[PDB]
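Visitor: If you want the building blocks of each chain, they are given just below.
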Amino acid sequence: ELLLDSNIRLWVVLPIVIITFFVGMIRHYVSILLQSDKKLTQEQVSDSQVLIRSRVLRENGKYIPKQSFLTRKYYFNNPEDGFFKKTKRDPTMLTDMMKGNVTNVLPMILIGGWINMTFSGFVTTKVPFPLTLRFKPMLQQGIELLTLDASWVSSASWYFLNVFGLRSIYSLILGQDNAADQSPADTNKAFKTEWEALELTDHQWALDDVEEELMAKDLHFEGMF
Amino acid sequence: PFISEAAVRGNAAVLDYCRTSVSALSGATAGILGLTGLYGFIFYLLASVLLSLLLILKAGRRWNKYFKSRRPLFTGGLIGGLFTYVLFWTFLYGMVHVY
Amino acid sequence: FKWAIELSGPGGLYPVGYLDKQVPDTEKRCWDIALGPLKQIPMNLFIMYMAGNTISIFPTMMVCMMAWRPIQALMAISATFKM
Amino acid sequence: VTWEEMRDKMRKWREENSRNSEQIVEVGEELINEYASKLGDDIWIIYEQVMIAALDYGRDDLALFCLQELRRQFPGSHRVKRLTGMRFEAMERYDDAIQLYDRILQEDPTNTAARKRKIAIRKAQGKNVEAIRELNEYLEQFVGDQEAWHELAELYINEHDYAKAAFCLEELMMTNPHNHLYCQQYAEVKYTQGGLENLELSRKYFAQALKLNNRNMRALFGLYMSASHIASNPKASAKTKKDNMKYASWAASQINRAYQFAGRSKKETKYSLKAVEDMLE
Amino acid sequence: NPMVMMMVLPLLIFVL
Amino acid sequence: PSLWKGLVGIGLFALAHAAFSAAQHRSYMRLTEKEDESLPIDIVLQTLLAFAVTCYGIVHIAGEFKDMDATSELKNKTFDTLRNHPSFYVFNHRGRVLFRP
Ligand SMILES: CCCCCCCC/C=C\CCCCCCCC(=O)OC[C@H](COP(=O)(O)OCC[N+](C)(C)C)OC(=O)CCCCCCC/C=C\CCCCCCCC
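The listed protein sequences correspond, in order, to chains A, B, C, D, E and F.
With my numbering applied, the first sequence corresponds to residues 563 to 787, in that order.
With my numbering applied, the second sequence corresponds to residues 1179 to 1277, in that order.
With my numbering applied, the third sequence corresponds to residues 595 to 677, in that order.
With my numbering applied, the fourth sequence corresponds to residues 12 to 292, in that order.
With my numbering applied, the fifth sequence corresponds to residues 28 to 43, in that order.
With my numbering applied, the sixth sequence corresponds to residues 14 to 114, in that order.
I should point out that these hints are in silico values taken from the structure, not numbers from a laboratory.
There could be a bad hint or two in this list.
As the list claims (entries may be wrong) - In silico DSS-like pairs for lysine-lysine, Cα to Cα no more than 30 Å straight-line:
no., chain 1, residue 1, chain 2, residue 2
1, C, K615, C, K633
2, B, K1243, D, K20
3, F, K18, F, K79
4, A, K650, A, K601
5, D, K277, D, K23
6, A, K648, A, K624
7, D, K23, F, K90
8, D, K138, C, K615
9, F, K79, D, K222
10, D, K246, D, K257
11, B, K1246, A, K779
12, B, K1246, D, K222
13, A, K628, A, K601
14, D, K222, B, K1243
15, C, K615, A, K647
16, A, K647, A, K601
17, C, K596, D, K250
18, D, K277, F, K18
19, D, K252, D, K222
20, C, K596, D, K20
21, A, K628, D, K252
22, A, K624, D, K222
23, A, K624, B, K1246
24, A, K624, A, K647
As the list claims (entries may be wrong) - Short derived list, chain B residues pointing at chain A, Cβ under 8 Å:
no., residue
25, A1184
26, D1194
27, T1214
28, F1221
29, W1241
30, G1258
31, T1262
32, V1264
33, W1267
34, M1273
35, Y1277
Cβ coordinates follow ideal geometry from the N, Cα and C atoms, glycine included.
Using the sequences provided together with the hints, build the complete structure.
Guide: Shown next, in the form of structure tokens:
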């Protein structure tokens, strides 16, 4: 094998892991700090909630009798009722959203570049599987060796492996669906597509056969205590 | 019947937590043993099915109300487990066998 | 029934959604849905192939491209069929 | 009996909206007096309930303490502003509360708490018609608020416009298919509303509630009595007559079973037997 | 950094 | 029970000890340079047993599953709770007059 310097472990192996871990935590906390809810006026939230009600009705109107459902239909999509017909209406926001989208990966690549400069010229760890020789130019940046086994990796790619393999740990400790990783706008068209979709939808009163499917088996009663 | 989003999300979260922890531990163990190459990767698969067996024990009987099917027990987030497994494998095989 | 009490009677804008009058108003797509990804995948594949040295200088981009249109479709084959 | 135990009990008593003001105010006072510093900001939400209970409990002495702490901690906060509004309403001080809610609305129009509190003031003043109108107007901008929807249904039931209440309960079930309480309440409202054309819906929804929960024995004998009323109605057809007789017989069998279980669970005189003595009648 | 540029060009590609 | 948590701790400790042993054994080779190229049976058995016990503990530590059927936790919700509507509270009831003002 290779008699690697022990001091490479205490200052190039562990610090990379610590930096990656706490930079991920920093990124997640900065992401939650930056997020601010955009101000919404009454009309937009009102129409969003209205289409929410329409979609949930389309989903589970089976538990509602037929006359109530077709009255819903009359109210939603019918000339005479009027609803769904008489219901319609470098920039800072683009720069802000582009910067927010950029800040999810670019800080990782900048940290990688800084690590590649700072820790250039080492052999940090041996990747325990035989990587291909054609992968040499990116795993072993800063090394002039030629016959060195491809399984030996410099600092930058070791940090990259660390940042790829630590997202699951982030989900483990930080919380479910954390933001530390590496990876309606228009209502008129929404109104029209809801119109067409709920026109295409049908009715099936799920209570037409509940009694017969209930009469078949006795009612569970144990555990009353 | 009537699935509840919160409960299924909690079940997915606990399964993912168990998978991530077991994959990290398996990486640490494979690094400890000094397994190298394909023989290492197979071990991970073995570890995975071991976890599956444990999950089968954890769900146990009457699991039909816990999951629609046993499939997420076996192949639930396998690649996410593999990434952390290889990370911890490299970590331990580096700070145990290389030096 | 000796205790059949009736509680209805007087009914008093109207609540939203209410309407008093009782109105009496009342292969194939799968082929296109499958051919969608079958035609969109080569586009990303063609872009990645035409990248050339750019793809070689971008090891992560190739993996993302191969996992976006392909791989994911194979992984979500059951989901694609169910959709 | 450790502070974690009463903290968890308070959390449970908050998750489901209970109104046992005495117990919750006692536990909250104990928590904020003995174990106030034993845990962090998690008592702050408690400081909400504790005052509301106080206003429910009538013990206004600690309401000022909680309000002053929250205000000194959270200046210019809409939640604390609504909380001050409730404090004002505790003594029927309505004009100042209305002015405060109007100020909150003009400071933030998307806030929903102020509208609910102002209509609560209106319904406390007895102006039921204007309260109903205000709720109808408020829903026109916030369709989908389940709590206000159920409150409007309850107000309509109290004022006895059972058609509107039934409609609101129907749309509530649209929102929540899986809650058997809504199904039971709607079955009751429909049964109260009219006759066979509504009795069929009432019995169907009672059966649906029973399917969604076997223990809702309230809805069990509600279905039983609805079937019995359908049977007694002359307008019922012969096939409908025999169908509802079968439903009533099944419901009676289930009632005897349920009361037999009520019997084996406890140990006393057989009132449940007396109870099924009613069913045999 | 040549590495930073060669790894941020895919980032622009990843966004697009 | 809570002891499960304690169990997993010792498991990690066991694994940690294995690491030390492995390190020492590596030094062995780094001072023996013989054609052994094999770990002691004791260390591999200890590592495998620690892995088994730690994984079994972790499975318990993960928590308890939750049922998908939405009518599970809602079964015990009596009608006396769902009707309260905390936002629409009214304080013109007999509670204030009956109790100490
Ligand atoms: C030899 C290599 C092995 C690698 C070790 C990783 C696996 C070891 C894991 C777990 C054992 C600890 C068991 C203690 C119980 C913790 C969970 C619990 O049921 O108790 C609850 C509380 C609070 O729940 P929560 O919201 O915080 O959990 C997140 C919630 N969820 C999972 C839904 C997202 O738990 C708490 O006390 C807060 C603490 C939560 C657990 C902290 C452990 C994570 C810390 C470090 C992990 C790796 C960082 C360094 C490794 C770098 C090497 C590359």
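Visitor: Confirm or reject each hint.
Guide: For each hint, the structure was consulted:
1. With a CA separation close to 51 Å, the supplied pair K615 of chain C and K633 of chain C exceeds the 30 Å bound.
2. A threshold of 30 Å between alpha carbons decides the hint, and for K1243 of chain B with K20 of chain D the separation of about 27 Å falls inside it, so the pair holds.
3. The hinted pair formed by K18 of chain F and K79 of chain F meets the criterion: a straight-line CA distance of about 21 Å does not exceed 30 Å.
4. In summary, the hint linking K650 of chain A to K601 of chain A is supported, as the alpha carbons are separated by about 20 Å, within the 30 Å threshold.
5. A distance of roughly 28 Å separates the Cα atoms of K277 of chain D and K23 of chain D; the hinted pair therefore holds under the 30 Å criterion.
6. Between the alpha carbons of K648 of chain A and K624 of chain A the distance comes to roughly 28 Å, so the proposed pair stays at or under 30 Å and holds.
7. Proposed proximity of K23 of chain D and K90 of chain F is supported: the alpha carbons are some 12 Å apart, at most 30 Å.
8. For the hint pairing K138 of chain D with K615 of chain C, the CA-to-CA distance comes to about 28 Å; that is within 30 Å, so the pair holds.
9. This hinted pair checks out: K79 of chain F and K222 of chain D have alpha carbons roughly 21 Å apart, not beyond 30 Å.
10. Between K246 of chain D and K257 of chain D the CA atoms are separated by roughly 17 Å; this keeps the pair inside 30 Å, and the hint holds.
11. Taking the CA atoms of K1246 of chain B and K779 of chain A, the gap is about 23 Å. The hint holds against a cut of 30 Å.
12. Among the hinted pairs, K1246 of chain B with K222 of chain D is consistent with the structure: their alpha-carbon atoms are about 21 Å apart, no more than 30 Å.
13. Straight-line distance between C-alpha atoms of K628 of chain A and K601 of chain A comes to about 40 Å, which puts the hinted pair past the 30 Å bound.
14. Of the pairs offered as hints, the one joining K222 of chain D and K1243 of chain B holds, with about 17 Å between alpha carbons and a cut-off of 30 Å not exceeded.
15. For the given pair, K615 of chain C sits about 20 Å from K647 of chain A by alpha-carbon distance, which is consistent with the 30 Å threshold.
16. Between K647 of chain A and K601 of chain A the alpha-carbon distance is near 26 Å, which keeps this suggested pair within the 30 Å criterion.
17. Restraint check for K596 of chain C and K250 of chain D: satisfied, since their Cα atoms lie roughly 26 Å apart, inside the 30 Å limit.
18. About 40 Å separates the Cα atoms of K277 of chain D and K18 of chain F, which puts this hinted pair outside 30 Å; it is violated.
19. The straight-line distance between the Cα atoms of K252 of chain D and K222 of chain D is roughly 23 Å, inside the 30 Å bound, and the hint therefore holds.
20. Distance hint between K596 of chain C and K20 of chain D is unfulfilled; the C-alpha atoms sit about 45 Å from each other, more than 30 Å.
21. In summary, the hint linking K628 of chain A to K252 of chain D is supported, as the alpha carbons are separated by about 23 Å, within the 30 Å threshold.
22. This hinted pair checks out: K624 of chain A and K222 of chain D have alpha carbons roughly 15 Å apart, not beyond 30 Å.
23. Of the supplied pair hints, the one linking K624 of chain A and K1246 of chain B holds, its CA atoms being roughly 22 Å apart against a limit of 30 Å.
24. The straight-line distance between the Cα atoms of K624 of chain A and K647 of chain A is roughly 26 Å, inside the 30 Å bound, and the hint therefore holds.
25. Taking 8 Å as the C-beta cut-off, the interface hint given for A1184 of chain B is violated, the closest approach to chain A being about 12 Å.
26. Annotation: interface hint on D1194 of chain B holds; nearest CB of chain A at approximately 7 Å, less than 8 Å.
27. For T1214 of chain B, the shortest C-beta to C-beta distance to chain A is roughly 5 Å, which falls under 8 Å, so the interface hint holds.
28. Against a cut-off of 8 Å between C-beta atoms, the interface hint on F1221 of chain B is violated, since the closest Cβ of chain A lies about 11 Å away.
29. Given hint, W1241 of chain B at the interface with chain A, is violated; its Cβ is 20 Å from that chain's nearest Cβ, farther than 8 Å.
30. Evaluation of the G1258 of chain B hint against chain A yields a held restraint, the C-beta minimum of about 5 Å falling below 8 Å.
31. Satisfaction of the interface hint for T1262 of chain B is found here, the shortest Cβ-Cβ separation to chain A being roughly 4 Å, below the 8 Å cut-off.
32. Given hint, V1264 of chain B at the interface with chain A, holds; its Cβ is 6 Å from that chain's nearest Cβ, closer than 8 Å.
33. Taking 8 Å as the C-beta contact cut-off toward chain A, the hint placing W1267 of chain B at the interface holds, the least distance being around 6 Å.
34. Given hint, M1273 of chain B at the interface with chain A, holds; its Cβ is 6 Å from that chain's nearest Cβ, closer than 8 Å.
35. Satisfaction of the interface hint for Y1277 of chain B is found here, the shortest Cβ-Cβ separation to chain A being roughly 6 Å, below the 8 Å cut-off.
Violated hints for the displayed structure, listed by number in ascending order: 1, 13, 18, 20, 25, 28, 29.
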